[PDB]
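Of the protein chains in this complex, one is absent; all others appear in place.
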Amino acid sequence: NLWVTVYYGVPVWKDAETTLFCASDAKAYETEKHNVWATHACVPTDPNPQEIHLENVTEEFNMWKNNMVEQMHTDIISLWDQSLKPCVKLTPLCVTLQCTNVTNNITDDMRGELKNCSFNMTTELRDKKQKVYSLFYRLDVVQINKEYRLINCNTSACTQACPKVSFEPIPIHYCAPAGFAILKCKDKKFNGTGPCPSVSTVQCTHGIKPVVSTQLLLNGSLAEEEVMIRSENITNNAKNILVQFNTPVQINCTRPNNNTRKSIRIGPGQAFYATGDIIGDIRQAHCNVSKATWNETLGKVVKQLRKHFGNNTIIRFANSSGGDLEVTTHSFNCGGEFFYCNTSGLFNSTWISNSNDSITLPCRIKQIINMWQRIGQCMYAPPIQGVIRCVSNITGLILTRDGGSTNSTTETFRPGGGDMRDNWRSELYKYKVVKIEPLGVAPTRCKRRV
Amino acid sequence: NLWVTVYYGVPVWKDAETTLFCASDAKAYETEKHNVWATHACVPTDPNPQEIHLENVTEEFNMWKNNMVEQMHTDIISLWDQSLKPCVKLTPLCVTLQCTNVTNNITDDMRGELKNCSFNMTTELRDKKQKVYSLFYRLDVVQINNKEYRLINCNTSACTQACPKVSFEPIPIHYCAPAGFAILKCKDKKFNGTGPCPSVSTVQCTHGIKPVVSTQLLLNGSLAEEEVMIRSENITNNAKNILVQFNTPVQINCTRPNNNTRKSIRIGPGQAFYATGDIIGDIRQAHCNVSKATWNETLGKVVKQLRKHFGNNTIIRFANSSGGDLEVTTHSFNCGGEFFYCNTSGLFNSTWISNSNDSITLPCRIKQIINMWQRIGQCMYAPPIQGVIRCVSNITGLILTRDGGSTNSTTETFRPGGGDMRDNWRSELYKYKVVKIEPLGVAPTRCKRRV
Amino acid sequence: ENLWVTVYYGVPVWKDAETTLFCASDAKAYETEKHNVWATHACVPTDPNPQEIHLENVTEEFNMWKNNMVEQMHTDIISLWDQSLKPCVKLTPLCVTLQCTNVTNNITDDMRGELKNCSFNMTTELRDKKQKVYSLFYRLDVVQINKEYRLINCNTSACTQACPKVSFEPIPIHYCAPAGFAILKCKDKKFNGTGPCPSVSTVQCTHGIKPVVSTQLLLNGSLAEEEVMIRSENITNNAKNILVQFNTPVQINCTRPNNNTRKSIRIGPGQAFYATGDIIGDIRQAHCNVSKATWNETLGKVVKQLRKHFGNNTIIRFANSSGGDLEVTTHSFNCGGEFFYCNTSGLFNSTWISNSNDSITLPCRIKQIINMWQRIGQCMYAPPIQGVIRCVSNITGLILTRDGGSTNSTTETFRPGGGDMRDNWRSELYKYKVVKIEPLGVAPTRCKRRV
Amino acid sequence: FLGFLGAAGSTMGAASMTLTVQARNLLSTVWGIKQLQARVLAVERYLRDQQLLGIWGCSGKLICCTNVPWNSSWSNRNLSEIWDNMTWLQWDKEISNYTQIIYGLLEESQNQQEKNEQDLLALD
Amino acid sequence: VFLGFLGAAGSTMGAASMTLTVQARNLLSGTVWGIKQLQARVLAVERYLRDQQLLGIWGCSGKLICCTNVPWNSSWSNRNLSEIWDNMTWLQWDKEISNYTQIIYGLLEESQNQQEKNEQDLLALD
Amino acid sequence: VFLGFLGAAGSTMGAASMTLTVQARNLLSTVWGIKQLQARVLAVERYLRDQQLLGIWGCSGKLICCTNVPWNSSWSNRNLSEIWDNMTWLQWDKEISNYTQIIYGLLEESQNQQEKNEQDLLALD
Amino acid sequence: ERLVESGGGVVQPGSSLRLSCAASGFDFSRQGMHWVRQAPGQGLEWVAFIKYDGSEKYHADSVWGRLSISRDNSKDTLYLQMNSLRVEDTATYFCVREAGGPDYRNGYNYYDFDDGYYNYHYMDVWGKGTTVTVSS
Partner (left out) sequence: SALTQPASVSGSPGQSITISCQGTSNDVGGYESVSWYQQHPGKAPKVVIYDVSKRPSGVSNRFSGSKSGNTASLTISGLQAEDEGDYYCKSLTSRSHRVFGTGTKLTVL
């Protein structure tokens, strides 16, 4: 004799998708620096995590099909252009530029990277023209027919950044709403996809830094005691390969040029901050990585790659195959100044059957950029006073494969980033969102009194 | 003896007003193409919606005092304005134009309808100017004093241009009530717009309603069943318009034989203006075709049921519009993105007293500066489209108005006229009504609470 | 014996809290809907009659200096002001070279050079043509470049002309709390600025509050009964403003004798700029009248109450403002659609030792470009008002700042303030307080549940 | 199974066995804010009906009776001519005026029963 | 007579128990003034549900006055019952037991759970 | 012992029946502002849906409640002892996921008949 | 594009007379007009100039306070009035138009008040004129 019994609040969950709200500390809120990511509007986070260690539970995980990375990609883009509306848009900057080379203290390596352009510009009064001069990099000017023009003139109106807001990434936390829960996997050996013997639940994710970079992961979470390689299809070359370093490597980047900002007064209440003359010597920006440390982490990476490609094959590293400057260079920002570093000196080595050199990398600086691979948008970075020196540590790599024409004796790996969605997969690979289903039915020998 | 009892969930409803959300079909929601009426943000509707017959019920209906058409009228205005925001403003085009009549192979009747205009305009660089030429219709240019002309809208208000990516095609739109509210449908085939409906049914929400814009005619609408019916708020009052729904449709073909071309002109950073260049081939006037055999018998059926309200011995006459603004005296519509202004005087010209392949040709005009909403300050410039266009539509409605200063006469005349946009949409929502559920109810029966 | 826990729902327990109160407009203001600046169309209509409920044997603590209602009122009104300027014209192209010369038609010795005749080149409807126009500008809105003049706002921010179809009349508004919250009103009449209130009555929500903006004085405010109330956060501290309330209001008459005609200038397609055309008749300075007998009698009441805190032997003397910007040293208000900044030195000039148609006149000037909220980057150009303007107001309080400082002098100096604009609205929200209702409560008694 | 609102034409007695099906239907950029307001409206409307049912002591029931007498002035028709011939829709209009005054009767009566329950068990 | 909303605020605890229903009705009433006004409706709705589900899990599903099967600790209070109901009011009663409010809510949660499990076993065969 | 939210996910089905109350408390608690508003309303309607469905079955205010409906042997023929000692709620849901919809409908109509049965009994007997 | 003068006659010294000039084929309300008189065997003599709106009037020093000049754009006619004519005042008066056009600066055309024409400081079209003589 079995009868239907209903229970409310049983611990049963099913996979689903939902909108997750922000969570931030009070560090930026108290300072009131008006960051690009609005922490003041963002909900304050919990004082401490409340993770619960669950036992006898195995849950499936899938970072490649995870919906959390889709929301993060959309939210950051939405937050990026939300801060560009207030400050000025450089719609009248499309004029004819008379540029000439600078030859005062120019080194041969930067012989023609930056020019000296002069042009007419508007003022508050709509019947006056002022003749001003500014220094523009070669990557931002093209010969119209000397006469030069900005690359964005035939693309769209080109908006500049707000000087007050800062581009320094800060940690953010994602929290599920009421009735939903987030599960975290604490298995170190857990690769991209598979069951997790140990699963824990949290109300808010750990601090995530929205660092944007290509071919290199900077300021990210590290692995534990080994180097983890994740790929939705290791055999397929079209799918990128993600690497996580157990021990970070330090990189030093600097801009030796000492340029002076010149606030050109245009229009009523609008300002255009141009680049003035550089005092002292002029040299290229460069980044250093220790050869002893970099060669050490390559040895750890190649050992992991042997497991998925045989312990007898030859692993070879090559530079970028080709494309534009955005995808063939290590793009990042450093104290408000954007960089495009040439990383051909790193992936140049071969491994078969197996003293601070400080490898230097030439780098370039661009003023007009397309942040999120879109067309018709700008973010013109104003120049920064003084010399820029930022120190960062690399916490991963993104690699691609090629060839494999039935010759299973040599493997070539080259850097490449399809999009920034894969950049944040290395931080959201251990988190998934599920919805609770309290209602449940079970059989029990019990009745209702009449 | 008797004690009150409360029942939760009784079938009782009361009249109320509420906002209904959007809905789109699966086929229209997977087009993956932008349009004026946003296919997104409209919740999909399940196939084969359930229609529940309600037996032994009589419900009052009224289409004239309906708030659904008012909300639909406001929604479409908001939808139209939302799609014109991302488009580029055409404010630099308010410049002096030196225009000359184009004459290569112009036919006699269309002579003077097209102007070959050349004018200075800006470019991407702010310090340079370029000379360009374009073709403008005579309805879009006015005199100032190789003559000098000027855009008509410059002295009223500047306005943007229609974005080529969006389309004006009237995809079906379902207005669906939220939870706690119900929509009642009148299945009666003799519903004259007012009075109880013996056959009342409830549905999840309405079927596809095409947001078509037209004047003096209703196109691509719903047809009555087996009979032609006359709808009016007050037959005696001549001011009130009359709505007619055809039982059978008549085919109308509207074509523009001119082979216009598109010549893109870059006016600034990221903004371009689409103009008209040289036209290949001969130049001809746009026109529409309606079969005379079907139109004549359609009026014969219409005049018979219309004679019920006037007696069988009443003389009924048809005449063209009384004149006035172009947007109200002409049959205005669109044909694949091109807006037409047709002359319907050739249809409503006949008389009736005590009662094969030939067709009727209606001349039509083309205008680009468009308001369409009887508003000031919000116009739109429709860019030209490449190649010739032909569209085939149905005529499933008619709007007429009565007149006459005689206190008593045996002759009555009717003229077409587009009063308001609500008339075009109230002809589709006359069968629907929104009610609010009241689950609470009290009734007496023998039931004493245990103590 | 063996008393058990019992939970009660709906108990009357409350504590302080913060919430977003909503508006409540009157029935009359909800029907005209003539595009009010405070967007009262969206505001919900209020209750037909007040529903005050008196609470007996209740003691509540109040604090008018830390009440969050004024912060919400201050935050909202700025947003309402900004929202009403978007859909109207922006005067971006008016920043041009101006050639201004003095007017000497029928000037007065007071208005020797207060008005300038400025001419400039302004854009016409066509982008390729510019027409010479002239207008009259006040001296406060023009600054010399080196003759040559330019608008003061040109080098700081370009802003919007005050919209001509909107009105600035301060209609009353009601702030009301949502469900689960209650508003407590202190009916005590001796309540100075803090302390228990013997008579606390809960109300549906606040009464009509007129959003009047003024400095150095309180206009059209609330009146105390049979007493003059002086309220300050800290009387000992001289950096804290002093708020005064009048039991008997004193009337002030303000007018602009000049008669000027508004002239509309077209600055572009669909944009119009309204400028002062010409002044008909003599030119005279604006002024305000306050009766000497009433003002002197009112001042006698103020010193008697003010002498209580500082000692009955202390000598009270008054003086004008200590200097600074025009927005703080003068009395700022509006009369119709024109803004005044008036020199009130003739009022605060007396010395008290403590043992009928004089009509004290306060000549003053008028400004057209105003930064009302003391924020840089958002100004407004108020168009001129046709004809002469006259209005009477009720002076219901003052904002006085004490500047004694030295402890070696017995006499004390009081000067008008007005640095913060929250004081005007704080003088009307001091009676109300916002609390939240907690219906859950547990009490011990004798009750058991059957097993 | 007559579906939602399928008993609107049935008599009061026949419609008393289909209250369950109608209870579910109570709750279920231009279109964004328009739908958000409507969704919130349904939630609060359903709670208002439940709150009134809550203070009557039988919130978790579909059919409920209270120990308060019926007034003959409200309706002189017997039970036969109410539960067998007429319709719920017609019944609402007949006693629409009396609905407001009746709601107060149950509100005070239920609170009276609570006092009796607490005092009865405490003494015994 | 009628006292209105919060009418018995200053009245005694016992007298206020007879007018608890009037406050219960006021728990859920029914661009700058737009979305801002919308949060008022949501906040009121969610607050009512929190106070309802918390009371529901104590076994007091729909009763304005309801007693639980837990003892009253003498440490919390030692006052006569006559003064509590005939002299004291609900305003100052909250202050005395404000610190111990959180713990008592937990005891009611577990007490009701024990009742549910015991009821099923008792009626299974007895 | 206390285990927090979802603490007994992998514990015994009978053991989890004693910790049903902890989950019930966790059902409900410019870019950021609008995003949060959607979640709050979604949580409110989700909670009411379960409460309303539980109310119609006659177990509105009871965490544990059983109706007078027989348990079909087709859905599951496993022993009562085996289910409550060697099974978890996560595995139990998958075994009756297909048949869950059928069970829900039966309890809805059964309660209404029970309500009508008691109404006519107390009228005269 | 054509000007006709009329009103000639014979008057005694100290009398008064008025001459009328008419303009057609072009905008009379945008350009100013002059007045020149000549005698056989004598050179051209300038009399006066008037702006498009008649804001100010310019007269020769030799005939200062002698000839009054006014215009009426509504009637599309020009008026020349002189009082107390002398024996030497006889000449052949001509109605002459001063050519003008918009000023071109910064790429735009700058007109005057009420869409006026800036004078280009040269004369283009001249009237046929009328001969007047004075006898006693």
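Going by the order they are written in, the chains are A, B, C, D, E, F and G; count residues from 1 in each one.
Operating definition for what follows: a contact is a pair of C-beta atoms (placed from the backbone, for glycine too) under 8 Å apart; a residue touches a chain by one contact, two chains touch by 3 or more.
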| item | value |
| --- | --- |
| Chain not shown: contacting residue from G:10, G:11, G:44 or G:87 | G:44 |
| Candidates G:75, G:86, G:105 or G:128 - the one touching the absent chain | G:128 |
| Where the unshown chain meets chain G, residue by residue | 34, 36, 43-46, 49, 58, 60-61, 94, 121-124, 126-129 |
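Here is the rule we go by: only the chains that are shown with their structure count from here on.
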| item | value |
| --- | --- |
| Cα-centroid distance, chain C relative to chain G, in whole angstrom | 62 |
| Where chain F touches two or more other chains, by residue | 17, 20-21, 24, 27-28, 37-38, 40-41, 44, 47-48, 58, 60-61, 63-64, 66, 119 |
| Chain C-facing residues of chain A, complex | 124-128, 267-269 |
| Sites on chain E touched by chain F in the complex | 35, 38-39, 42, 45-46, 49-50, 53, 56-57, 59, 61-62, 109-110, 112-113, 116-117, 119-120 |
| Chain A-touching residues of chain E, taken from the complex the two chains share | 120, 123-124 |
